[PDB]
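Let's start with one chain on its own, the form deposited in one PDB entry, as structure tokens.
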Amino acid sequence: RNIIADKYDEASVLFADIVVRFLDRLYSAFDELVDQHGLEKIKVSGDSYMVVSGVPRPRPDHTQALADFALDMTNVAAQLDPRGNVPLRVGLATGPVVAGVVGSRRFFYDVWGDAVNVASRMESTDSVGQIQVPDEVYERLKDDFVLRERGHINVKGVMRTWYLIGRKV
């Protein structure tokens, strides 16, 4: 009741692993590749890379479409590392799969109110480089913080706003 699942008698699957800054560099190029070849990257846990061909969108040439992808992928991994040293393992199969959507559930903290609205509008009308604030936060900071007025903006009425310069040292 939480999974929509569809059988595919034949698709093509690719797993890669290479296998902080370095990882993200490669993977961007792989993502670009996936988009170039018009293929589908599947989210998987723990640093391994997975691309599918023929799913969700069937392709008469699904295996070879993937094979071509794999060949580019090695040519990118090839160079493009740390010192002079990228070790990429890549695996391909073609056969039946099941594909579809998993209905997981998450729990997040969230906040609502006028303060959220006021904060939103303070950001989106802020002057670049500044921290913009209403009267209410000004009142709370004036003693310990130094602030300079901006003036009266229409906030989707009319409010006075201040820039927050810094602490008082």
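Superpose the two forms; the largest set of C-alphas matching within 1.5 Å is the rigid core. Positions refer to the first chain, counted from 1. What changes on going to the form deposited in another entry:
- Assigning each C-alpha to the better-fitting of the two rigid parts between these two forms places residue 53 and residue 92 together.
- Superposing C-alpha atoms between these two forms reveals a rigid-body rotation of the smaller part against the larger of 18 degrees.
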Given for the second form:
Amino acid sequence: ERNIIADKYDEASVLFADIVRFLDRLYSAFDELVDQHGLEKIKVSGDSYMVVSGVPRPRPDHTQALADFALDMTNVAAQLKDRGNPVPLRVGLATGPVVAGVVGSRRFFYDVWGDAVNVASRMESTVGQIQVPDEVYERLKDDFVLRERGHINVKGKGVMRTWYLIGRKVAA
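For the form deposited in another entry instead of the form deposited in one PDB entry, what are the coordinates?
Only a single chain is listed, so you will not see partners or other molecules.
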């Protein structure tokens, strides 16, 4: 069985960046630059930021293009002060032959199926509110405070009395 589909790109330029609510606004600004410059962000294991030029779409000006992007990048991080201090950004750029393409793996995660899953995920509307059916109310009433919402729609199921979960009771 084959798990890689990849090609040699003889001509390619690679960029890594890193810092040594604000950070997300910055990375959002970088994300916007990638798209503006027509480049490719690569998802990497870590906190580092990887951008690639000349791949998957070759271009003869791959190094210059990545260079312009990197300059705009540092420019963006310069303008954005945080504590009021500038962002300590490292940027590295290299150029040379690479291999690139798609790799097959498997994602493992927990899942659940049953009426309870449906009921929990298909109750209509509310905000900041926690809504629960009778079977949950009966289990929580002695140690928590709830107030009846009333009869609502659970899509795929029907109409259902529900309660808003307000808070815990202080132990008596």
